[PDB]
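Visitor: Residues per chain, in single letters:
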Amino acid sequence: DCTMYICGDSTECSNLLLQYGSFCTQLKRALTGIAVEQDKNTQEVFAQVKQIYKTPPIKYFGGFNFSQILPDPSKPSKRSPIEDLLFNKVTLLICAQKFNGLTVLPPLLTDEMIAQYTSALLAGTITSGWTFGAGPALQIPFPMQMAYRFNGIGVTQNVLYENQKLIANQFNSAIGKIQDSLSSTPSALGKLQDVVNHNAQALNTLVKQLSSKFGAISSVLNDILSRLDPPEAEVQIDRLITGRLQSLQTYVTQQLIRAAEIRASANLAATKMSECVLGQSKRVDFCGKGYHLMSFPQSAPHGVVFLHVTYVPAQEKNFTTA
Amino acid sequence: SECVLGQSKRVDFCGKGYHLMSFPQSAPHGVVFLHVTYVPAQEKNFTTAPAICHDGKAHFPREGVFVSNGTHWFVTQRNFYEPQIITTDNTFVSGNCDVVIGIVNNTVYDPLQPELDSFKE
Amino acid sequence: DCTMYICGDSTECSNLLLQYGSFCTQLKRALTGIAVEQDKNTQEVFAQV
Amino acid sequence: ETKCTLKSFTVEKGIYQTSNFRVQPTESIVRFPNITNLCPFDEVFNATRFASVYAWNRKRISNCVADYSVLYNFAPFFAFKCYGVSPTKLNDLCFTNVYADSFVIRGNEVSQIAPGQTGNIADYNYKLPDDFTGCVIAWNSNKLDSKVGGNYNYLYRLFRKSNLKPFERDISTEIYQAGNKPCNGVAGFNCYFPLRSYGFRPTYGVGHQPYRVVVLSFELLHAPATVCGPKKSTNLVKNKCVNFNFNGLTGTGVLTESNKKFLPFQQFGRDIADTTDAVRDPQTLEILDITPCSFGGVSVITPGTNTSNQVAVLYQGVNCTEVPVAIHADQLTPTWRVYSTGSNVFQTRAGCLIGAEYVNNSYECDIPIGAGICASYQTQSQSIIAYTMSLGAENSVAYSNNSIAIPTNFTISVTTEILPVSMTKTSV
Ligand SMILES: *[C@@H]1O[C@H](CO)[C@@H](O[C@@H]2O[C@H](CO)[C@@H](O)[C@H](O)[C@H]2NC(C)=O)[C@H](O)[C@H]1NC(C)=O
Ligand SMILES: *[C@@H]1O[C@H](CO)[C@@H](O[C@@H]2O[C@H](CO)[C@@H](O)[C@H](O)[C@H]2NC(C)=O)[C@H](O)[C@H]1NC(C)=O
Ligand SMILES: *[C@@H]1O[C@H](CO)[C@@H](O[C@@H]2O[C@H](CO)[C@@H](O)[C@H](O)[C@H]2NC(C)=O)[C@H](O)[C@H]1NC(C)=O
Ligand SMILES: *[C@@H]1O[C@H](CO)[C@@H](O[C@@H]2O[C@H](CO)[C@@H](O)[C@H](O)[C@H]2NC(C)=O)[C@H](O)[C@H]1NC(C)=O
Ligand SMILES: *[C@@H]1O[C@H](CO)[C@@H](O[C@@H]2O[C@H](CO)[C@@H](O)[C@H](O)[C@H]2NC(C)=O)[C@H](O)[C@H]1NC(C)=O
Ligand SMILES: *[C@@H]1O[C@H](CO)[C@@H](O[C@@H]2O[C@H](CO)[C@@H](O)[C@H](O)[C@H]2NC(C)=O)[C@H](O)[C@H]1NC(C)=O
Ligand SMILES: *[C@@H]1O[C@H](CO)[C@@H](O)[C@H](O)[C@H]1NC(C)=O
Ligand SMILES: *[C@@H]1O[C@H](CO)[C@@H](O)[C@H](O)[C@H]1NC(C)=O
Ligand SMILES: *[C@@H]1O[C@H](CO)[C@@H](O)[C@H](O)[C@H]1NC(C)=O
Ligand SMILES: *[C@@H]1O[C@H](CO)[C@@H](O)[C@H](O)[C@H]1NC(C)=O
Ligand SMILES: *[C@@H]1O[C@H](CO)[C@@H](O)[C@H](O)[C@H]1NC(C)=O
Ligand SMILES: *[C@@H]1O[C@H](CO)[C@@H](O)[C@H](O)[C@H]1NC(C)=O
Ligand SMILES: *[C@@H]1O[C@H](CO)[C@@H](O)[C@H](O)[C@H]1NC(C)=O
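Protein chains in written order, with PDB author numbering: chain A, 737 to 828, 849 to 1078; chain B, 1030 to 1150; chain C, 737 to 785; chain D, 298 to 677, 689 to 736.
Just so you know, these hints were derived from the structure itself, not from any lab.
A virtual CB, placed ideally from N, CA and C, is assigned to each residue, including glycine.
One or more of the hints may lead you astray.
In the DSS-like style, the derived pairs of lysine-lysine whose C-alpha atoms are separated by at most 30 Å in a straight line are [unchecked claim]:
{"hint": "1", "chain 1": "C", "residue 1": "776", "chain 2": "A", "residue 2": "854"}
{"hint": "2", "chain 1": "A", "residue 1": "825", "chain 2": "A", "residue 2": "814"}
{"hint": "3", "chain 1": "A", "residue 1": "1038", "chain 2": "A", "residue 2": "786"}
{"hint": "4", "chain 1": "D", "residue 1": "440", "chain 2": "D", "residue 2": "478"}
{"hint": "5", "chain 1": "A", "residue 1": "969", "chain 2": "D", "residue 2": "462"}
{"hint": "6", "chain 1": "A", "residue 1": "1028", "chain 2": "C", "residue 2": "776"}
{"hint": "7", "chain 1": "A", "residue 1": "921", "chain 2": "B", "residue 2": "1086"}
{"hint": "8", "chain 1": "B", "residue 1": "1045", "chain 2": "A", "residue 2": "1045"}
{"hint": "9", "chain 1": "D", "residue 1": "557", "chain 2": "A", "residue 2": "854"}
{"hint": "10", "chain 1": "A", "residue 1": "790", "chain 2": "B", "residue 2": "1086"}
{"hint": "11", "chain 1": "D", "residue 1": "535", "chain 2": "A", "residue 2": "854"}
{"hint": "12", "chain 1": "B", "residue 1": "1038", "chain 2": "B", "residue 2": "1073"}
A few chain D residues that face chain B, going by a derived Cβ cut-off under 7 Å, partial list only [claimed, not checked]:
{"hint": "13", "residue": "697"}
{"hint": "14", "residue": "711"}
{"hint": "15", "residue": "712"}
{"hint": "16", "residue": "713"}
{"hint": "17", "residue": "717"}
{"hint": "18", "residue": "723"}
{"hint": "19", "residue": "726"}
{"hint": "20", "residue": "728"}
{"hint": "21", "residue": "730"}
Build the full structure now, drawing on both the sequences and the hints.
Guide: The following block contains the structure:
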């Protein structure tokens, strides 16, 4: 709010501010556009399902254990253990000091409303395969789906049917280490924390920059008005109004660039959800290192987490060829 | 470059479904793409098996999937219903009968045997 | 460097510059971020082995 | 108000951020120290003899009520120039001490009594600080400080080693060393007496006639004030939005009892952004905490003015209980209060929504309110409803380990996609 930030509910300052034109009708529109764009960003990554599917109560998928990624009904919020670990690691006096007209609006989509989307995607992808990306969900047993995925990377399907138990054990052991890797390394979620760290220091600087004089008697309008007559009061406060306007403009100028930086990553995440999750990708090093097999989504505060399952060759032996 | 001058395998890049074609049009300050795609239709569910064991040997499909209408086993392509008699050229044999979980008994037609035993007699 | 660009090693100009606020703490951070980003740019294209 | 903000006579469906509501103050209070005795402003201005420049005297004024409009009748001056404060409101401020200096100079050097000035009299006799905050008064005194024979009682120093620091006095009478000759003797060539005398006589015209100068020095800092202007204190009110005036520092807000451990030499309390947060009452040694008024953004949810003419009002970030407190007659900055708390008051995590009723339904989002709440103009005969957005239709999938579903037909679908490529080219 300009009228209350620049002028501390004064009347002379308000009159001068209206005399300065429409610099704050433009400021009130850029931030609104940024907020609407932020609301639109999350609607492309997650809202890609016609309906809200549910996994069957009986869970035996041929030896694969997905209990680490499906929602937990015991907890008050139906979030998988991975999601809870992610939420308990990003943290969102000075907040109450923004008596200067700076406020934060709540996002339209609730965290439960995003957990529901993620659960629907997971149920669809582990019950039907990639078929639900094209039309309606088409059921298929999970081992046969995995055999098709093997056949899609140049390996015959009898390999899976002959090493099903070994592959299931390897997948379970590999998925059982994500929690340990996340809970051990402290710099795991660093890209998400920087986003919330950069949006607080800007507000802190904006608040702290109210104490500058900008070449005047003092930084308080009340003292200036109580010690100097109006003919010089309108000269003293005119040196504060311009300084505060210049201080306010830089904030929106930098937010207009951070918004584009965020939008690029949102578009990349939407593409990754479309290609890695709703299908099998042949692009090299797009959905992980190796030969892509599967991907699973999870939600984190202000971001998304992809779990990529890939096939990596092993012990090699050399022969003579012709 | 990708949708119009070729066929795209990327999912949901040139429309919803399986991409077939695309046509360009011009609008003031922009372009319009008309994407022609293939969408599956009426579905019906059958009983399936991963392999078939005839002579104590496992037979896997070459291109397709095993399917059953209640009393007979066929091999069909994945994206369309077109059942066919299981022969020795629709399938390939690899391994013995007791490694795969879910194998079933059936018979595989041998086109050569009757044609070359009736005449050779 | 603000203090040497804006003010040619003068003392009164420095006093007014400190009086005028913290507009040069913000300038010194954007350029540093740009430089670190430039260093990170070449590490993704080439360092893939 | 929405039409006025949009500068148009029509509005489309949506939510618009119109303005900010604030609670108006009730009354005004004044708190000044209880001082009665008047200040001695007659001795400074009405004196039979004034000290010389090199021995200017300083008089301390404190613990008295100072009325600055009476000294106009005490001397026939004309300018009364002040540097750090406008002379108009000198009666509306409280100072901690006043210092009065007085001397007699020549009319030529009156312009040298100013910050940043140098000369014969602003270098070796009397130098003002570069950050002076006070007033200077000078008036002609030729009829009572200059004789026909000549006046020699006024002295000034002209020779000295180095420039003297502000507000420092030198009264030494020793022979200056103005040559290679050792100035041990009483007098001689290259040895000068630093003190010279004026020659005030009626023959001299303007610019050489004697002038009488009095300098008043204040200091406006945060400290227990003793000298104050003639203003009357009022009673102390608490827990209500009022206009307070503590020792000359005005403001606006509610006052509450505070539990901050001040110190005897500490009177005010500040915070980041340098605004006052705690005050010490002047009459009684008590600590009060200042909190600003109640404020909040207001938004108007409307369907298209073509469709209908009803609106709903969302007060952002306020609990629904303070809105009736906010909605009072002649106490809210928005003039309109027709909505007030007239039913259909619903508490959203975004704010308080008035004019829209909540229903146990779930539709698509038409006008997004926030935190999963949307609003729309619909039937239950047509009104505005507020509901919870629905993500889609529930649909359970079937999974079995020996069943597969295969399609038996197909469809050809043609869709369209629009992409901007360029904008207009402009020149200025
Ligand atoms: C799937 O994995 C989960 C997680 O490892 C298994 O749950 C664990 O089961 C063991 C043995 O009963 C317990 O000691 C652990 O405390 C369980 N962990 C949790 C987090 O509950 C689960 O048993 C696995 N599924 C199957 C069929 O074995
Ligand atoms: C499953 O498909 C087989 C295909 O051979 C069906 O068997 C044929 O059914 C037709 C119609 O009744 C008969 O005229 C043929 O003689 C049958 N063929 C043989 C070799 O017996 C079978 O009926 C189908 N099953 C069901 C339940 O419809
Ligand atoms: C048909 O399938 C059955 C089992 O599904 C096979 O039966 C096994 O045959 C072996 C060898 O004759 C015996 O050692 C097992 O005890 C049998 N098990 C059962 C459950 O019957 C049979 O071999 C398959 N082929 C034929 C022609 O029947
Ligand atoms: C809106 O104000 C009411 C009145 O104070 C709140 O109700 C009380 O809230 C406090 C904490 O805010 C609780 O300790 C009391 O138990 C509540 N009393 C009752 C009777 O519920 C109400 O919580 C406020 N609304 C919100 C969203 O905080
Ligand atoms: C098909 O149906 C279910 C999967 O939905 C599975 O049946 C379970 O199989 C496990 C291990 O094979 C047993 O421990 C459970 O007792 C079975 N439950 C039921 C209700 O049968 C299995 O994948 C298939 N069932 C059979 C009988 O093969
Ligand atoms: C596949 O779908 C098409 C329609 O998309 C079906 O063709 C229709 O068939 C009905 C009944 O014979 C006719 O009344 C319509 O005029 C046909 N439509 C068109 C466009 O020709 C077709 O029969 C379906 N195929 C199968 C095997 O069910
Ligand atoms: C395989 O490689 C090793 C060294 O890399 C070499 O000594 C060996 O001869 C190779 N095998 C054949 C069959 O050439
Ligand atoms: C096909 O699915 C329906 C319900 O979706 C089920 O009743 C039916 O038994 C299934 N067909 C077979 C052959 O299992
Ligand atoms: C100055 O003081 C004298 C003696 O006390 C008095 O007669 C005279 O009226 C006073 N003048 C003013 C202007 O106060
Ligand atoms: C006296 O005061 C002056 C004022 O500047 C200073 O320069 C000087 O050093 C002091 N002492 C002497 C002995 O002059
Ligand atoms: C006058 O001021 C003193 C200052 O300490 C205070 O103690 C006293 O109560 C005041 N008198 C009245 C009548 O308020
Ligand atoms: C109002 O809406 C109707 C139908 O939607 C349309 O015919 C009419 O032109 C509209 N009028 C205005 C002023 O928008
Ligand atoms: C709507 O929901 C509230 C809260 O559960 C309940 O008290 C009320 O009876 C419901 N009304 C209808 C019509 O469902």
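Visitor: With reference to the structure, classify each hint as holding or not holding.
Guide: Going down the list of hints, with the structure as the test:
| no. | hint | in the structure |
| --- | --- | --- |
| 1 | C:776 <-> A:854 | violated, 36 Å |
| 2 | A:825 <-> A:814 | holds, 18 Å |
| 3 | A:1038 <-> A:786 | holds, 26 Å |
| 4 | D:440 <-> D:478 | violated, 44 Å |
| 5 | A:969 <-> D:462 | holds, 28 Å |
| 6 | A:1028 <-> C:776 | holds, 23 Å |
| 7 | A:921 <-> B:1086 | holds, 20 Å |
| 8 | B:1045 <-> A:1045 | holds, 28 Å |
| 9 | D:557 <-> A:854 | holds, 21 Å |
| 10 | A:790 <-> B:1086 | violated, 39 Å |
| 11 | D:535 <-> A:854 | holds, 24 Å |
| 12 | B:1038 <-> B:1073 | holds, 26 Å |
| 13 | 697 | violated, 23 Å |
| 14 | 711 | holds, 5 Å |
| 15 | 712 | holds, 4 Å |
| 16 | 713 | holds, 4 Å |
| 17 | 717 | holds, 4 Å |
| 18 | 723 | holds, 5 Å |
| 19 | 726 | holds, 5 Å |
| 20 | 728 | holds, 5 Å |
| 21 | 730 | holds, 6 Å |
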